[PDB]
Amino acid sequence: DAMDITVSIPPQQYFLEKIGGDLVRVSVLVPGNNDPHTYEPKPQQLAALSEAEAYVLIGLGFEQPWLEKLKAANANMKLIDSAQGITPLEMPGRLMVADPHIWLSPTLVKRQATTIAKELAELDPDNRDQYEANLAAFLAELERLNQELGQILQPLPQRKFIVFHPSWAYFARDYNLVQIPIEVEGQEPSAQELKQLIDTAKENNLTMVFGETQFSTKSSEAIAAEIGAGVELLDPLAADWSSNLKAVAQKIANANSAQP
């Protein structure tokens, strides 16, 4: 009999599984092929929260749209801000709002897991050793992944990569990359912004356009077709978090290395 913990997105299930093991039974609120920004929890999901012993929030206003429905679905449900203690990054354009995509940084994930481990232990003291051990193990894996991604992205001549959505600001900062976002939410309307991106893309010789897995690629392909580049997807909600960050680092490396 495990502990019922609910999380917002699939990447967190990877996290809770690494820390909780068979000590927790994880449920995800947002399906991996869904857009969290415009996501609406379903009645059945809200009812299931009555059994949730806790809910692990990404933090930084990620749950903002459903937070209240959560507290209304189960007030006795423990809310775990796995983003606490971490210094955010302002969103691409406006600074007023902090960027929630910290789950995509191996180094920051070390802090998010620590917090999760800590809270899971307070709720279930008997297994404090397991949470602490699992945590220590995951932590080592994180440094291994961070060092592996580093070497992959360190030598690249091109540090910029075109993304349909700026979901990789943290990942980018960690490894000295700069994302060029096609579409950022909450920005001063600039219909010709994509013309500026394409011209800049051609002058820098950006070879690829990376769309987001949960979104249409029409605009990306169209932009790509103009830059004379190719299209690939980058999935920030991937369940296989670790292997995915590497696939992502490899996509970047493939596009940002001296081209054949």
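Take the two forms, superpose them, and find the largest set of C-alpha atoms that agree within 1.5 Å; that set is the rigid core. Shifts are known only where both forms have a C-alpha. Residue numbers count along the first chain shown, from 1. Compared with the form deposited in another entry:
Of the residues 187, 154, 147, 84, exactly one exceeds or equals a 2 Å C-alpha shift between these two forms once the rigid core is aligned, and that residue is 187.
Regions that shift between these two forms, defined as runs of three or more consecutive residues whose CA atoms all move by 2 angstroms or more after core superposition, reduce to a single one, 184 to 191.
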Second form
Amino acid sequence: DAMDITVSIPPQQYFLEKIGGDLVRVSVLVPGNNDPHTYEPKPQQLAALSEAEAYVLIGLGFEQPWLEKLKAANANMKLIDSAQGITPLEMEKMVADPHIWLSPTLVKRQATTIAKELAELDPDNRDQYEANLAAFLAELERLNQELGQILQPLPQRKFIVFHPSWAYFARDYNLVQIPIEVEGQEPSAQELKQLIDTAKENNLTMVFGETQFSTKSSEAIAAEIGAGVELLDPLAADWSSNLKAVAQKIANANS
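The form deposited in another entry is what I want next, because the block you gave corresponds to the form deposited in one PDB entry; please supply it.
Below: the lone chain, stripped of partners and molecules.
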């Protein structure tokens, strides 16, 4: 009975569960502990794709590397581009920043696009997808207000992270994300120092790393500038509670 849908990353399963509930059965391509930017789908996964009725793309080029392989594995599945209508930020002007799933504001748009496409695929349950969408959009506004309350009073708006997956989140809440990685690469020995000074000159209290990437340089920086080390997980499946934990971590660090 349920529609088989595959999504790219764990957070999307959260969005799909909220929008589809029991009407969909979700599979996920990228493991929560892998760097999605260098992930290559496994043969057993491409085979399983033949069962899929639809595939939900983050879009903005996020899936560019696997796109041809997904289409060849299943030519009948609908590709849902969840980034439709969204104006992206650029990562050094080469391309769009694809981390739109960490902005509650932009997720409202992704959710609307997804529900609209699912209702086209499964017209008989259109009313349920619409009601489920409405429930999820209201939850998103409430989450947005909650995150804004946690972050608006910070005098320190800057935070250092290893991998820059938080540019949209940061724009939403007026934070400044200072990344350690450069062009998907570990910092130079010089850059590391420069980054260390930057961090010293701003009195930063904590350095964040991400589970999917080595925290080696975040740890070295923290040891050198007198800070602690915390993990932020941009791929957490428990999306809403993870975002609140992220905001609290940032608030605790600038406090």
